[PDB]
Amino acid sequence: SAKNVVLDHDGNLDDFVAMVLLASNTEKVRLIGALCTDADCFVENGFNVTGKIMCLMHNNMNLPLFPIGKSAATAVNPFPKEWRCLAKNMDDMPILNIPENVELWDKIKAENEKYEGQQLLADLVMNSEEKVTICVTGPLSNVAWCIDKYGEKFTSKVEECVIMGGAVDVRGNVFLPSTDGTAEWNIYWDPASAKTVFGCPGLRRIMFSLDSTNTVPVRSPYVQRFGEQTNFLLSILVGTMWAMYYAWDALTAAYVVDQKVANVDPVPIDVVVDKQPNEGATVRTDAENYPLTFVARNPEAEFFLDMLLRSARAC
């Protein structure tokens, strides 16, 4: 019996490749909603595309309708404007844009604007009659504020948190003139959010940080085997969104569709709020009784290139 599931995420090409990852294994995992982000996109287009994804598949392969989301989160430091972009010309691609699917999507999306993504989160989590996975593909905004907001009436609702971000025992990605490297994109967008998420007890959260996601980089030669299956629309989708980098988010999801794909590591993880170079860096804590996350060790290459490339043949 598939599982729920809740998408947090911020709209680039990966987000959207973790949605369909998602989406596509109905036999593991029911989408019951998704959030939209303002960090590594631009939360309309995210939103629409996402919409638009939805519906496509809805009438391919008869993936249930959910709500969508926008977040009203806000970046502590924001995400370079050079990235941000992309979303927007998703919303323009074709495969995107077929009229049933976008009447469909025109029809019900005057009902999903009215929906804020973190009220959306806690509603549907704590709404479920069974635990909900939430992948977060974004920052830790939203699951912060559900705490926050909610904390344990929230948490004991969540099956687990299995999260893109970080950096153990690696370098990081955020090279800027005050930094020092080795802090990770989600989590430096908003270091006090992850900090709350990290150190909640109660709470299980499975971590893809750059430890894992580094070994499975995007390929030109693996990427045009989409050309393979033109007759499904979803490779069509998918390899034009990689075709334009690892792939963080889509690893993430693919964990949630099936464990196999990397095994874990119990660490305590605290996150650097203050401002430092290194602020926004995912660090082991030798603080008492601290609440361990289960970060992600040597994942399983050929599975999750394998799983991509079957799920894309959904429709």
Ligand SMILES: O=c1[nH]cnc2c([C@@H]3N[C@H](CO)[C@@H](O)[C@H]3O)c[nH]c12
Given for the second form:
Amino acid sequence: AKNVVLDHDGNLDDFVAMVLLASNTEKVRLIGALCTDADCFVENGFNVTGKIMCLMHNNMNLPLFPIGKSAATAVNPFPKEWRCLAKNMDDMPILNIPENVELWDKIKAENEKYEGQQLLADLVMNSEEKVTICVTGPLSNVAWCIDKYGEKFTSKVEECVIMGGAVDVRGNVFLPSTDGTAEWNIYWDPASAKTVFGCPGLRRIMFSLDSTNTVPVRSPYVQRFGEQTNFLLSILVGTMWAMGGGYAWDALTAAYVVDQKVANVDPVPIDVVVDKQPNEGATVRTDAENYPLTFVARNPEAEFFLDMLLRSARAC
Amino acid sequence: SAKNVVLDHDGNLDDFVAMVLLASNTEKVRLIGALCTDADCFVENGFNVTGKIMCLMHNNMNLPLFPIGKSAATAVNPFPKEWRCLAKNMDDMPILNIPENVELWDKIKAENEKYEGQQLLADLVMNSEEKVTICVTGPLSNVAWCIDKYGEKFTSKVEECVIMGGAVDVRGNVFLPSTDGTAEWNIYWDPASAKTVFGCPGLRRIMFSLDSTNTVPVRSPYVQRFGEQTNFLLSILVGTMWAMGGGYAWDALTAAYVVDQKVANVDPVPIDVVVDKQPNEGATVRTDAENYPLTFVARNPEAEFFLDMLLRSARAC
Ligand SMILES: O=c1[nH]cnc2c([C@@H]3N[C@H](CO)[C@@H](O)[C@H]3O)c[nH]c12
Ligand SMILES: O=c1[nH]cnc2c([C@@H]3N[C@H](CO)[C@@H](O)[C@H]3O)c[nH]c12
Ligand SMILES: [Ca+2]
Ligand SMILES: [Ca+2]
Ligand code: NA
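Having seen the form solved without the ligand, please provide the structure of the form solved in complex with the ligand.
Time for the whole complex; same chain goes first.
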């Protein structure tokens, strides 16, 4: 197993990603998580992370791990309508089973001591073996670590597997002020993304919309979780997919961390537009000589991923 | 002992909580049919969720199967698209997709597909041996269609209509550039049909307007109590729906009254509906017309009684 830290922002797919990482203990040792006030309100995202962790800890061999709220602030906030989803999950029956909330109330204070950005730096730098960071929210926290510690941090990262961007397809940030070329995780904090994508010392795998677009979440698939209601994780994952849209963005990204068979990768030099322009947050190919490479996921194995998640959701 | 009830709903989350409340209380309520309207739902999804809930309950608490119809009613003023997708979400929920339950729904779905809800409502009421209570949790289009078609032949077979809709002495919830905020959505969706219903002399009406429903908020701690009951399919179902929903229990409170009238005392008010294209289109207003029919408006509902009733009902299976 390899050490993994989940750096997430508390939306539905972030939590599916969490379940995928945590359930696959043969491949993944989940040593920490941080939650950012991006596509959630951070207190709800924090609480849902804890409730999921406690449910799993009480039902399978999943060690407890530190959970930290990130101090990162938005450059461009997510729509309020999407940010409420962690609040909904916080109230779900599956996450409010007596034995699990009792545990979470008990261990909450220890996790309240953490600040997410510092926790990420510490977990990576203090690890004996290198750490894979799975980033399913904005890149603010990885950038903070790079800015503060530089090579002391980046040399300890096995790879940064990132959900974000849109390279050779349209983005998903459609606002009166934008041209639709940017993707939301990057748009939330463009400068931090620029720091991450341009860092020569960091290995990066990028699940941009180019790959996530090709793995739709369809109703008959979601309904298959209904065949598994004796498994708590299947109630959980099925419920979250049922509440979500048509994509599995962050879950696909986490699936790759579990098993790289999920997608092939192509090296591309990726820059980020940080200017206050219609294309703010766009991830763009750059011709600059010696610009660092990012390994962009291509043609993901949709069926393999979908099977992986269904199976993983039988862990408990 | 049990009284005949038909649920006339539009497939939002509280409509389905209402359905569970009616169906789970078999001592008091014999649920003889349901219809779904293409209002605060896409009707195919509301139809499927109704079937899936009924089948789950049939297989786990012996709830008798009943006809489910889709209404052909069309909006005068349609609900926002962003609210109408919730039945689609529910249709994909694990709790509603357990194989034994879905196989039962698959077996009986085609017979239900063939109904048209408006005629179904008329037939269920008129062909019943005993009088029928109609619990209306969407727009009033279907009750109006029956009154228009059959008049006294229909209304004489109705025990009462228990209606979620309107706003009498409080503001509404229809907030548009063209409105003054005094109308409530179920009425605003089809004002003319609501007018027909509230002005009908042959008919006992109980009205849960925003006056009463505003006073029973659905809060996180209460919703989280369903987590104590995850051994019950209905607690997973109801808790999930409240967790997904907004701040109120509109239709569920309305159904609770059908189960037990101690939910609220009522106040007779002559209710007219504004149908002209004015800022308060869809408003339920007091009318001073002589000998105008009375509607019994719920006042000061028993919140704790309701909250307890629902937690208990959600332990039926
Ligand atoms: O429509 C949406 N609802 C909730 N979250 C997202 C996102 C978030 N941003 C990423 C995909 O662009 C992914 O991490 C997801 O959590 C994009 N679009 C939506
Ligand atoms: O936010 C809302 N505004 C207006 N109506 C509703 C509803 C539906 N409309 C009715 C309350 O206006 C009730 O029957 C409910 O099912 C849910 N949420 C809202
Ligand atoms: Ca995310
Ligand atoms: Ca309704
Ligand atoms: Na159909």
